[PDB]
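One chain is shown next in structure tokens, namely the form solved without the ligand.
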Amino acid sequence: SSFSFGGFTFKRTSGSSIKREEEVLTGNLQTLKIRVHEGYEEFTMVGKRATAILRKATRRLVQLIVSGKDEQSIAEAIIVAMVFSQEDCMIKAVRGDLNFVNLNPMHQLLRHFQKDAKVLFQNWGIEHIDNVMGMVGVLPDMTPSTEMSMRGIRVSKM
């Protein structure tokens, strides 16, 4: 039950989901039809330069604990996780001139945020983090922080 998305192998740990073909509205008010997965699932993301534990619900990321080679490798894994979550704020982060989508829309969403994750990370939201050791918060500019992180995202040492 393993699959590939954005260079990462995905394996389901726990949970289940059914698919619903659904219409979503971008920040540019454009209609995309995506195959939404309903239900709470846990995944391990395995890539060549990053690994992650992804806890998600229907169109909502619950938690992402990401480990990797450096900031860039980790950012790549966070981008895939946020696109994979199917969250409204990731879809609403598709905005502005030429930013349009033409055939799988999930792969288009990824290409878009791979080019520039600034609006995605900044529009995702930030939260206060209870102190933990060996786990750190990460800001939308990919700066480590003990005080705050992007909603549900934690960075763990390799």
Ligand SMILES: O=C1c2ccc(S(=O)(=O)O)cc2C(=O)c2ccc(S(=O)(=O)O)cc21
The other form holds:
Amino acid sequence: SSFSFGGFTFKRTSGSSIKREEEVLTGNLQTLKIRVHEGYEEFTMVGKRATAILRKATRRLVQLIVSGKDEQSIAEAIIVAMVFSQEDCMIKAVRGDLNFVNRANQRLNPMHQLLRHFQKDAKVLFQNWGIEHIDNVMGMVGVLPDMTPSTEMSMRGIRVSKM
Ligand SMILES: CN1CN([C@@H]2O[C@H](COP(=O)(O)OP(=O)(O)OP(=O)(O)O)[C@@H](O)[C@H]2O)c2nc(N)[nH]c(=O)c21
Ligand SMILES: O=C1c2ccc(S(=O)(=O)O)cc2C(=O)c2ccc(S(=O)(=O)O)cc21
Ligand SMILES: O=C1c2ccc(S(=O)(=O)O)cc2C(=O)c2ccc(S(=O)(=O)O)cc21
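Coords for the form deposited with the ligand bound, given the form solved without the ligand:
Whole complex next, starting from this chain.
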């Protein structure tokens, strides 16, 4: 399967899923209804400024390896992937209310609301995702919550690759 989300063409390379409508609670205890894809899947994300390779289990990002033009372009893809993954820590990183009433937001489903929320500011999302020690595996660097490259540590599951 092939589809678009957040400016990225996703192509499924492995795995399969069944979709199911589900409720989640934000960090502000707001209920959002999202369509959850159940099953382990692997995708290539093709964007105009970044490309990535995404592994996900149900509502869990397992791994993201991102290549791109620069910090912003690569963060853009990291944010898209984190939202797409539908992980609870991404949803718990929403600390205030999401506005479904105002006219400019009527086009947006909860998934696109979340995306927009993290595009405006990814700080809380990145801080609360979690961190891990990494290996010196080559071409690949870790990236810290402030998007600084690291050879020791990285946001959980996330690697930045050289072009
Ligand atoms: C989390 N997602 C989302 N997604 C696909 O990404 C596209 C983006 O749409 P979406 O806004 O998440 O949901 P969608 O089903 O289209 O609309 P809605 O739920 O508002 O009725 C859709 O084609 C959707 O099927 C996915 N596709 C696969 N294969 N696996 C997944 O985990 C996911
Ligand atoms: O808070 C929401 C809301 C929450 C979740 C979804 S859903 O995720 O599309 O099911 C959708 C919505 C809404 O569409 C909506 C419309 C009107 C109000 S109200 O004016 O605060 O009563 C709240 C909301
Ligand atoms: O094997 C790779 C490698 C393979 C594929 C890509 S890709 O272009 O992103 O697919 C990228 C890469 C790399 O960026 C890279 C960097 C450094 C080494 S090293 O000389 O063994 O240190 C190997 C590699």
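Positions refer to the first chain, counted from 1. In this text, rigid core is short for the largest set of C-alphas that superpose within 1.5 Å between two forms. Shifts are known only where both forms have a C-alpha.
The Cα shift for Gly96 between the two forms, taken after rigid core superposition, is 2 angstroms or larger. Regions that shift between the two forms, defined as runs of three or more consecutive residues whose CA atoms all move by 2 angstroms or more after core superposition, reduce to a single one, 96 to 102.
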